[PDB]
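Asker: Each chain, letter by letter, is given below.
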Amino acid sequence: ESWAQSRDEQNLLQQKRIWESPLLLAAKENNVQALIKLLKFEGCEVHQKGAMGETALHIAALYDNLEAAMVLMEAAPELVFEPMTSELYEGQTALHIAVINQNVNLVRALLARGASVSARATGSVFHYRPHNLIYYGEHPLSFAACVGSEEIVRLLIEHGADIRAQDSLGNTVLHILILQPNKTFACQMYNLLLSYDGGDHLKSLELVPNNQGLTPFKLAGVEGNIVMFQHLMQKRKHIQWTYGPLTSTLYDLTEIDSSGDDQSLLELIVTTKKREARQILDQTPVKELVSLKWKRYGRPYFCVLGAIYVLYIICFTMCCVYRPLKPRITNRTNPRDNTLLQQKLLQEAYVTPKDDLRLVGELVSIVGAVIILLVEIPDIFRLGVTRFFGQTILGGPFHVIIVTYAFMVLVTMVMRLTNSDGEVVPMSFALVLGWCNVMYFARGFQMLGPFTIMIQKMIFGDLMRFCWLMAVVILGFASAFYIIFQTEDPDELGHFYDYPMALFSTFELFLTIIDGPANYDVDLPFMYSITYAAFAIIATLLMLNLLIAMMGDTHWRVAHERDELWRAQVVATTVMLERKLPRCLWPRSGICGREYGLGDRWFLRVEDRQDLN
Amino acid sequence: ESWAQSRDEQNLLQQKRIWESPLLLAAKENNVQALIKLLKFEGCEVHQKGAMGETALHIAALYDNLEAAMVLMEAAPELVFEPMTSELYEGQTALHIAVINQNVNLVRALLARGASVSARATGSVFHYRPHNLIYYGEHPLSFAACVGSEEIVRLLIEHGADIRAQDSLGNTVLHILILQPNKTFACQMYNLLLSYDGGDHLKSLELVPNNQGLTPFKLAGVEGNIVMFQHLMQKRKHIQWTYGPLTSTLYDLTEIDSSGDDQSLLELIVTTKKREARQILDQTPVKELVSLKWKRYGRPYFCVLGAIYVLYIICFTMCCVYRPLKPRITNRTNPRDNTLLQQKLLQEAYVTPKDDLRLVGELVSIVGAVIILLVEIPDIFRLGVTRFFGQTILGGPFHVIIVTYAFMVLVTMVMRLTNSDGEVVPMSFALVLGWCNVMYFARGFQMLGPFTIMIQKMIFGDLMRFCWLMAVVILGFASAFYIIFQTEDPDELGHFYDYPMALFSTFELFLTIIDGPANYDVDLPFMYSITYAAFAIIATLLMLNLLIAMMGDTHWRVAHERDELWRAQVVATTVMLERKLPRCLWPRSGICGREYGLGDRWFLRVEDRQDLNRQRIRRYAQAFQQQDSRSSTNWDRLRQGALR
Amino acid sequence: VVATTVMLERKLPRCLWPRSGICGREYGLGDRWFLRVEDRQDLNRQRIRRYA
Amino acid sequence: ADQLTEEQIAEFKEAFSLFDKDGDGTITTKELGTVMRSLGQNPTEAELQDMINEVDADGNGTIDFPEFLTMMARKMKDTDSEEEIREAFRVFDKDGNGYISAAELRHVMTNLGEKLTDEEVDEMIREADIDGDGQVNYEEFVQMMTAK
Ligand SMILES: [Ca+2]
Ligand SMILES: [Ca+2]
Ligand SMILES: [Ca+2]
Ligand SMILES: [Ca+2]
Ligand SMILES: [Ca+2]
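Protein chains in written order, with the authors' numbering: chain D, 27 to 639; chain C, 27 to 654, 691 to 706; chain B, 596 to 647; chain E, 1 to 148.
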């Protein structure tokens with residue numbers, strides 16, 4: 027990009043000023059003997075700049091020079107307050123740089139001389155963007171508490187570093203630590219922050235969400251943080267009793283699901299994209315709910331919703347094959363090739379009640395296409411069109427077939443009551459979608475779930491890299507088969523009588539479903555045989571018989587993700603019905619309070635086996 | 027091969043002439059007693075020879091006998107200079123042999139008596155040849171600095187052995203160390219060559235090219251030396267600033283992307299045949315470039331040049347489907363079998379202005395077919411046909427289809443304006459090579475790429491060893507099928523009427539594309555059913571269903587090395603463009619000098635996260651401070703795969 | 596391969612195959628047929644020892 | 001530093017390169033200063049010059065890699081001496097750099113079989129990778145050979 031080259035030009039111009047401006051060079055080389063000479067009788071210069079507008083203190087801070095910064099604090103005791111000011115770096119101060127480079131004795135010096143511990147690091151490089159490497163928030167407490175320098179963490183809080191602090195993204199200091207991938211310390215560094223949460227108001231520092239409304243318990247599951255999730259879980263897990271090897275424990279379940287307002291954690295999991303945000307389902311309180319919500323309640327309602335669906339498509343199919351048809355309205359087979367002896371009725375014949383019994387049947391299937399549009403036009407009303415044509419399998423392309431099937435039946439309603447000739451065209455797409463859409467209910471089955479994802483994976487993923495190989499090879503030999511048979515009879519051996527037939531014939535000799543154009547009464551032209559024998563090798567025993575190995579390579583190599591997706595297919599099916607079915611038949615999952623002195627949070631009982639003495 | 031056999035006869039002959047001539051045999055077995063009692067009174071025979079014309083001094087170093095070696099120099103102080111007058115070992119002096127056998131005391135004895143430290147070991151075994159077992163250059167310093175005995179290497183410099191020394195390949199000692207496989211000592215020794223000397227200011231001695239014009243940094247790109255390439259990268263790697271876990275690093279990039287002056291390291295990688303050199307492309311100061319150079323510039327210029335090819339074939343397809351045709355010119359189809367009711371025009375038909383619009387459609391083609399010949403024929407004279415009929419996939423067989431394409435179009439141009447009859451045949455090969463040559467433009471796609479490598483790697487390597495098997499079986503049963511039906515009607519069940527049909531109908535029953543002949547009105551001969559069912563088992567469920575297993579046998583055993591091919595396909599596509607496009611539209615890569623205080627070379631900036639990891643360095647810091691279940695089974699078998 | 600080399604050796608007359616290897620009795624050797632093989636030690640294992 | 005192998009210099013050189021902060025081939029009291037005050041404790045600009053100038057043989061004030069190696073001669077790895085495990089590693093390591101990685105070990109088992117999935121290879125490393133870099137040292141490999 028043109029933007030990333032701008033970072034290169036400045037950072038080389040940043041170094042050019044260091045080869046100029048001799049005190050900055052004296053600052054980089056830890057040169058103190060020149061720096062006394064360049065200041066203590068003439069000086070004249072002390073508020074220097076660079077390419078990023080930094081000072082000699084910042085230069086003496088980026089390279090670890092306690093001696094050089096010692097003279098600079100003594101020379102001008104107002105260097106410590108002003109920040110960097112540029113496009114990329116903005117608002118960063120010498121307190122920040124001294125933190126990230128772990129320089130404990132320098133931070134001890136700067137706080138004694140007076141440094142702003144609330145300096146906003148509002149620069150351009152600091153934003154949480156994937157083309158930046160590290161994201162440490164803004165405040166100098168966050169820069170310490172992320173790299174794990176817990177001594178400086180203790181050093182800052184003694185000088186009035188506020189824990190409550192939000193960035194431009196609304197994140198607090200606990201939202202940050204969940205985001206570093208090299209975790210390793212952030213179990214321990216988490217607790218040191220709560221050890222300074224001793225005296226506050228009623229919001230106990232974890233009930234403070236981000237800008238998009240997401241507490242650090244919620245943020246741990248959304249970001250795929252297995253290590254920090256169990257560390258948070260130990261806080262809200264209550265152990266009831268132990269009895270030899272049986273330990274029964276309670277779980278909080280106040281935000282695990284508690285699917286009662288808008289932002290249940292089970293809803294947040296099956297919307298995301300991250301591969302590791304989906305294995306929270308492995309963990310011990312969530313793998314109980316989505317089992318019990320599905321097995322006692324979710325499974326039988328889903329089949330009743332499925333078994334009512336098959337009887338709908340049949341009622342549409344049973345009124346499809348009973349179209350009104352006339353025998354051969356007006357014409358008589360004029361050139362050739364008019365194998366067409368029928369005509370549909372005008373809509374002036376609904377007499378003879380087994381043509382009227384269908385009329386109450388289509389009215390069933392014409393209101394069935396209204397209710398599907400009424401349940402999916404309010405789906406783009408809440409979340410955008412990138413949900414449909416995004417390839418999120420958790421409710422995948424089964425939301426673009428059912429709309430088109432709903433959209434096609436109304437076109438038949440438009441093709442009816444206008445008396446237009448061509449109207450097999452919506453009804454042909456109406457059946458090939460309306461039957462292939464009962465594939466959606468192959469989802470909650472034990473044996474037929476994870477097969478369906480493999481069909482969905484080879485349609486796009488491993489046939490959009492074969493059809494571009496199919497359409498090229500066909501376009502050669504189909505055009506080549508035209509030229510050979512151009513000066514020939516289409517009567518005897520007539521597989522190619524024009525070019526739009528000549529693809530359709532050649533397309534099926536590639537798939538080996540038609541036989542292969544051969545006649546023996548007549549003498550085929552000699553270039554037909556050489557051309558077709560090269561077609562038969564490359565297609566039949568080099569392309570199709572490559573593709574069977576192409577599947578089998580990619581079949582055993584991803585059969586540990588389809589067992590992860592299929593479980594998440596069930597969960598997104600479960601929560602979809604919880605926010606849709608009215609609460610007369612799904613009770614709230616778990617055990618409530620206030621019959622027991624509990625605290626009104628809905629709880630859930632878990633008992634396991636300790637297997638040690 | 028009567029050459030390597032002739033080595034042996036001159037090596038067992040030495041082990042005859044040492045059993046004779048006892049001053050050799052006393053020298054081999056370190057006999058100080060017989061050596062005194064054969065020379066110190068009469069002697070007369072100190073200048074003996076052997077199978078290689080060697081000396082007794084050459085034996086006393088070839089077998090580690092210090093004791094006689096001191097006496098022979100003391101008795102005859104003139105034997106140190108004469109080399110092995112021979113053919114295999116030509117020019118080899120006794121200074122050489124004491125080096126390779128690590129014999130420090132003898133080297134300290136020969137140099138104190140004083141030998142020529144720059145002797146030319148120019149023998150026939152010492153040439154860099156793919157049959158010999160070592161290549162150690164020609165000089166005693168080169169023999170010193172290859173076995174690793176660095177204490178000897180300190181000594182030869184102190185008696186004045188120049189580093190600047192080239193063999194018949196022009197190689198210095200720096201070019202030699204890249205070639206040894208047991209690397210990991212040479213990195214400790216490459217510095218020791220630089221420590222003493224390297225000149226002071228002549229050229230710094232690393233710049234000296236060989237007889238094929240190559241510094242050692244370029245040479246490590248051809249030889250696949252991964253350790254040296256990282257070790258030579260430390261000289262040209264400038265660390266700019268550190269920021270917590272971020273460090274920004276600025277690279278020299280002088281020789282890596284020379285951008286012209288065709289000895290370029292990106293050029294040299296996709297020219298070679300050595301497979302282990304192609305993994306330079308994963309080392310971090312190079313893979314940054316070919317990501318950028320292909321994504322910002324090599325991706326749209328390739329696809330635009332892809333789309334300009336797609337119209338050209340459609341400009342050629344749409345005109346070939348509109349040939350001119352006369353209905354059944356003058357003849358009447360007499361005998362049989364002549365369903366041929368058209369005839370192409372003579373060249374007297376450019377009337378009817380839905381035919382002049384065809385003429386521009388054929389003129390774009392014939393001027394397009396010459397610009398291929400204007401751009402491929404200027405590649406055969408700079409680089410031979412060993413790149414064309416060599417199936418190095420980095421520009422593979424798609425440079426011989428397209429030249430066959432540019433020939434087959436112009437044949438039709440000669441078929442026109444001559445009234446020659448068969449222009450169907452050169453036009454038919456024009457289409458199937460025309461469309462299948464768009465497959466070359468499936469190279470720079472993230473998805474369609476490594477499938478196209480696999481199709482080419484099944485043609486030459488797993489279908490050839492099927493079609494030789496198929497031509498055996500299908501020549502058997504066809505002549506067997508022809509004999510049965512030779513005494514039959516062709517009217518009913520006539521799949522086999524003459525012999526060159528009977529291969530082609532049998533070619534299409536091995537593939538299950540025709541149904542296999544059957545006519546239930548008539549009585550098939552009793553030997554047909556027995557013969558055909560025997561063919562049906564071998565053809566259908568034993569040779570084809572073996573081939574499908576044969577593909578899946580080799581499809582998971584190269585799917586770590588087609589991705590590595592596909593990455594090198596992209597770089598070979600990238601670097602080909604920069605030599606070929608005019609440099610008004612590709613900018614130079616990186617940032618130049620001379621505007622910054624830099625030094626005129628084009629640099630490039632890489633910044634990365636180093637992680638600290640807290641564990642390995644605390645293990646070393648306690649030494650810096652001086653003190654006072692499924693995975694286990696796969697290692698259980700790997701222990702059992704190590705086999706005791 | 597070896598079942599095809601040896602099947603041809605005893606079957607074709609030994610005026611076109613020669614005997615494989617180097618004969619004795621020309622050198623003071625002892626009349627047997629000898630054969631010479633040379634290989635490289637790969638001195639990594641020499642560095643642990645280094646004549647010790 | 002004499003009786004080493006290929007797997008002990010090539011291990012120490014990457015240890016040295018990560019230890020040399022600025023990448024100059026030498027070690028100053030600044031460079032050893034940075035990666036010790038990152039290690040909790042604070043060398044108070046006196047133990048820096050006490051430790052480096054103790055082991056500085058040629059007295060230049062700096063520690064190059066051979067003087068780094070001769071301190072790793074006295075602080076050398078233990079008497080874990082093998083011979084068969086020496087051979088099978090060079091069988092395993094393709095480029096011979098002393099590091100068997102995820103890309104190199106996946107090919108050795110491909111020559112042997114049983115169809116390892118790509119995630120199964122990376123789990124074979126984290127069982128062995130003690131320091132946590134995704135590559136297996138020879139010392140990290142020799143404990144995976146017997147292991148019981
Ligand atoms: Ca058929
Ligand atoms: Ca250092
Ligand atoms: Ca030193
Ligand atoms: Ca390696
Ligand atoms: Ca490791």
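Source of the hints: derived by calculation from the structure; they are not laboratory data.
Cβ coordinates follow ideal geometry from the N, Cα and C atoms, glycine included.
Don't take every hint at face value.
As the list claims (entries may be wrong) - Ranges between beta-carbon positions, derived for each pair:
hint	chain 1	residue 1	chain 2	residue 2	range
1	B	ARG609	C	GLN41	22 to 32 Å
2	C	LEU399	B	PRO608	54 to 64 Å
3	E	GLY59	D	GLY69	35 to 45 Å
4	E	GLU87	B	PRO608	22 to 32 Å
5	C	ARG301	E	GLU87	49 to 59 Å
6	E	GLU114	D	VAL330	40 to 50 Å
Asker: None of the hints should be skipped; say for each whether it holds.
Answerer: For each hint, the structure was consulted:
1. Hint check: B/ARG609 to C/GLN41, Cβ distance near 27 Å, so the stated range 22 to 32 Å holds.
2. Take C/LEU399 and B/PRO608: their Cβ atoms lie about 57 Å apart, and the range 54 to 64 Å holds.
3. Separated by about 38 Å at the C-beta atoms, E/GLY59 and D/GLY69 satisfy the suggested range of 35 to 45 Å.
4. Taken as a hint, the range 22 to 32 Å is violated for the pair E/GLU87 and B/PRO608, whose Cβ atoms sit roughly 46 Å apart.
5. Distance hint check for C/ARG301 and E/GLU87: the Cβ-Cβ separation is about 24 Å, which falls outside the suggested range of 49 to 59 Å.
6. The beta-carbon spacing between E/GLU114 and D/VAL330, approximately 46 Å, falls within the hinted interval of 40 to 50 Å.
When the structure is compared with the earlier hints, violations turn up for hints 4, 5 and for no others.
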